[PDB]
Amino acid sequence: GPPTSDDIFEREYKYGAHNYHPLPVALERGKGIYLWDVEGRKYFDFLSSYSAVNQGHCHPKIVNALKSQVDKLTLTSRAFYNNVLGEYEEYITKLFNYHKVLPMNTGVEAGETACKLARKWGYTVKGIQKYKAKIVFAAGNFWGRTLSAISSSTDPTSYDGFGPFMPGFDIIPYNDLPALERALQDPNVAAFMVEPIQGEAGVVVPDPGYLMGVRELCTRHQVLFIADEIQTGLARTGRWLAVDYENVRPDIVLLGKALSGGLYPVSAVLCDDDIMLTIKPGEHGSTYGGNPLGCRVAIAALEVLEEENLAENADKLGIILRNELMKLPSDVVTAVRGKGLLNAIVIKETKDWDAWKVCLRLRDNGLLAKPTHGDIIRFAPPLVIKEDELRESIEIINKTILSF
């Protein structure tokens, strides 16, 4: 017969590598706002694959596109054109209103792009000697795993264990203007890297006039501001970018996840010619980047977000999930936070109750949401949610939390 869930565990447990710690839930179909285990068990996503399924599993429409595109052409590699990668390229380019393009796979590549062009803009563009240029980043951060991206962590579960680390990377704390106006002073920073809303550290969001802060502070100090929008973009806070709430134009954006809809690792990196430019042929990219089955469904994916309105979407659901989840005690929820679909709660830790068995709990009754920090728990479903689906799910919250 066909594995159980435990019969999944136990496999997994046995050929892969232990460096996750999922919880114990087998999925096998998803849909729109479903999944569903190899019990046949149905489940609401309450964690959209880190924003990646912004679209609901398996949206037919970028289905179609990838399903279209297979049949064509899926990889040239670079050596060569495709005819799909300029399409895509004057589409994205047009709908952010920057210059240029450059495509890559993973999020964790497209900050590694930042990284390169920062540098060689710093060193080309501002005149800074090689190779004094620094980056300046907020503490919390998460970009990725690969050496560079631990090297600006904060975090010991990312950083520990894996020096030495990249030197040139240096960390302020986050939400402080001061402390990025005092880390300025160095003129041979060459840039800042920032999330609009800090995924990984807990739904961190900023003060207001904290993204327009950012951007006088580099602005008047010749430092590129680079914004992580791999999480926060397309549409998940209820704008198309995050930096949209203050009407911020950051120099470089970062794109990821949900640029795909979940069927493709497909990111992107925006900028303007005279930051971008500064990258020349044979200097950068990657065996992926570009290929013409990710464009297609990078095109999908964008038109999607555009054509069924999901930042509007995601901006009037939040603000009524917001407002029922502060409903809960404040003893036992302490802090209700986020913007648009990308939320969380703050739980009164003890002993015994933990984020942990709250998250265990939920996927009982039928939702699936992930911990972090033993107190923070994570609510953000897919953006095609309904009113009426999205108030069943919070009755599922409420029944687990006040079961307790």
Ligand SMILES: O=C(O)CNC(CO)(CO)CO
Given for the second form:
There are 2 protein chains.
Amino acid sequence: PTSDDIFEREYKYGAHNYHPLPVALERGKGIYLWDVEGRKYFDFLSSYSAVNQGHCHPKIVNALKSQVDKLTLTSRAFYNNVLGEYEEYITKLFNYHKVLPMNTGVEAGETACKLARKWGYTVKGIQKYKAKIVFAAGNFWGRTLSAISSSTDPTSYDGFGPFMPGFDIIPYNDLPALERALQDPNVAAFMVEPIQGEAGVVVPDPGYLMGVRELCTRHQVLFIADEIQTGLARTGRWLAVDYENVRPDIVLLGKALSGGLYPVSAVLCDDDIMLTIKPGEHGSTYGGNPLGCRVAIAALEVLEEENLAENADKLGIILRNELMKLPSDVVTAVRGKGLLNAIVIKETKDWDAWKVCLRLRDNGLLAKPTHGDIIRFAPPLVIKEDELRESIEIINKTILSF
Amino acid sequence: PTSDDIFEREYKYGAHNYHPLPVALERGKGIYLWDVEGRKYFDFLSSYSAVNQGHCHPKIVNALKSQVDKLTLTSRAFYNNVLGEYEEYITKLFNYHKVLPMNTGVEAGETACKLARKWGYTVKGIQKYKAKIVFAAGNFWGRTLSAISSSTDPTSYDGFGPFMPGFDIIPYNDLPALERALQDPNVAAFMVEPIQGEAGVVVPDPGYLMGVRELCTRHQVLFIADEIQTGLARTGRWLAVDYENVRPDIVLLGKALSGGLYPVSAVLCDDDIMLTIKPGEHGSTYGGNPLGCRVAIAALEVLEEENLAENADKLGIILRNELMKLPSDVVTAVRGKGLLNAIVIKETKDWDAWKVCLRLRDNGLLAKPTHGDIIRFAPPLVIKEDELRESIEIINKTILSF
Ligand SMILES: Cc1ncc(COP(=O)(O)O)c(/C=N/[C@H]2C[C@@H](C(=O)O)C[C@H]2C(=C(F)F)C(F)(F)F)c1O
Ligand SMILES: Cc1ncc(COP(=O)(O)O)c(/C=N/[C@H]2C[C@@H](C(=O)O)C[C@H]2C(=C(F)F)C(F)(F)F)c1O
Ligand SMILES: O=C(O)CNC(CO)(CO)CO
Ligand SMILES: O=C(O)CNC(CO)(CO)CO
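If the structure you just shared is the form solved without the named molecule, then what does the corresponding form solved in complex with the named molecule look like?
Then the entire complex follows, led off by the chain already shown.
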């Protein structure tokens, strides 16, 4: 069963909601992936930063295999013995009172919106159903009707309305706009990514996150930080907001929370917010199941025990330093923090980010474009400096082969 | 670490969005669960019908263990070698052109709403953003802002607005109301459960589903059948709609699609609907990952090879027959199809569905109430007639001990 067979068969029987890069992967471990013909590749996408810990990390695998022989799902109608241990661990690890477990990133975001609105009505005293949540243009937090309603990307929302009311949108990295938006006492929260991933790794100016926290406190507005892709060592800290010593009111985690072995996500906040939701008022069939909790506990331990945040910090400097050695004729910008990085391609009609990624694949490195001029470079955080330097050679050899 | 310790620790560190039955489960297999003190129980909830195949079915476990050592997540940016095999299998199994894989039940529902609206705008010709979707009162399809906006249950939606526009609600099991609702040419779809699970196992009159299909065809409206809990042999057929030989335009699957080992869900429909969504316009980080696909393929094979639908059919008759032998003084109604069943309790102030389930737990059987007068009985479909008869004894011994 060849790569071409694999492409054709997905095309026949599967929805066309994606156009993947033409590579048919069968196997992966650490920083490497192998296709069906056995060719070996560096993974510079990390499955959108879900395999921070490397593919099939043995510690997380063994947690999965130990638990799958015991108990995988009771539903939340009864207690299991794993969920709390995970809850005690993750809430102490991040220093919040409580966690609400969900499965996917967008589910954690919907949860955060529901906490914000409920807190707005039952604590802040907003009249029912006047609550607003402010978002930054360029945000991406998933594909539900609610998530695309806050998007400014036409490919997310066009053809899918009517849209959820009560969302306001302001420019990203703009504190005067946030100050103007928070004049409305019916605003309950501001939700924002510490670095906008899908918008093309857009890093806000130093002090932005400190100013956000100040404005939210001053106006009695919840600061929701979406760390589903910036968190868990990807940017060189436990949370990207740690760079400015800022404590959000709600933190969203996902992707790397499981090492890529299970959809696990989390909403962290204190009691005065979390307990606004009463029993029966929110949940999920698979949220908090024992199998995902065991996996999450191990995937957090791997991040801590192997010191991947400081590894991501020190190697990201190296990565960005080498990438700017590329000629400004061809690479117009280098952006990133820790091991979440991007380069912008001077998109002539000679060439584009898609053709670059095709040739990168030919030379053994997997990455993928985000707007035809942007290419993300985000390898697993278990990569070593010598392995990283080999990868930079493949990027050099590719960019300069045009 | 005792059951009481387990309760207290979840209470301290976890959100209070649930009030589970006081039982702390550590282990499960087949139809049985064991708590931390070793006591053994019949599972008559099946984790809300996600473990149709029994807890930790060895065939599904071995599929998980084989794949977790190989590759668990590439993201949809590249191809993996498993996804298509699953897509070919499930689309031929249910006789639709295509499948769109997602993770949770509510994600499949949001997907169905987005397909319906997109089809309404790009095929039916509804002006943008006038599309409507009709739902039946009592529906439950999840906890996103969109899903609670169609709910008529105040505990789902109260305090969580403002709500998604464009949803109409009609009585369930009411064909004249549907005919009245579909007079609006801007309606794109009607979404409905063949049996309303969360509303208390509410079974519509014979012919209802045939009348729905006729009205939807006559008015050029998509018939979306939510089988996330009625499907996959739970009611005695592959799809609950199979009882009336009705083919919906969109079918939603979830829960049992994985055997309870992984959150896997699916949206099935033909090309003229499915291909309204173009690349980049919908997706999910974990949807379609190789690990969940291997698990789903095995969990479907277990349903087919062990003939659980006919087993569920023949044992559900037995179950409902015995349950009506209970005195009408105390059990006001018995409802269900296949192995999805409920009894209604004459809720005096002497006693209620919660106290019944407490005493059922004391006598070794796990079930749980849904509105304080309704108790669901839904054991795994691998149960045997002799095991089922033992369980009925525990239900008899409990109801008559009051
Ligand atoms: C900050 C943030 N909050 C929530 C979610 C929802 O999480 P989810 O519901 O998917 O679990 C996401 C998900 N982002 C995805 C979805 C995935 C895909 O489209 O396949 C590609 C991906 C992505 C990343 F991560 F950067 C990119 F390409 F869009 F740019 C997210 O980035
Ligand atoms: C027909 C249908 N369509 C979609 C979904 C969403 O699927 P999901 O997003 O959860 O994967 C569901 C989920 N129903 C759940 C959620 C779970 C919980 O509240 O913990 C209890 C449960 C339930 C069942 F199954 F009957 C009950 F108690 F609400 F009555 C569903 O029934
Ligand atoms: O009307 C618009 O332009 C947009 N309105 C919303 C976003 O601001 C929904 O998309 C309001 O929630
Ligand atoms: O206004 C209402 O009573 C309800 N409106 C909606 C449901 O019909 C949203 O909850 C419209 O989508």
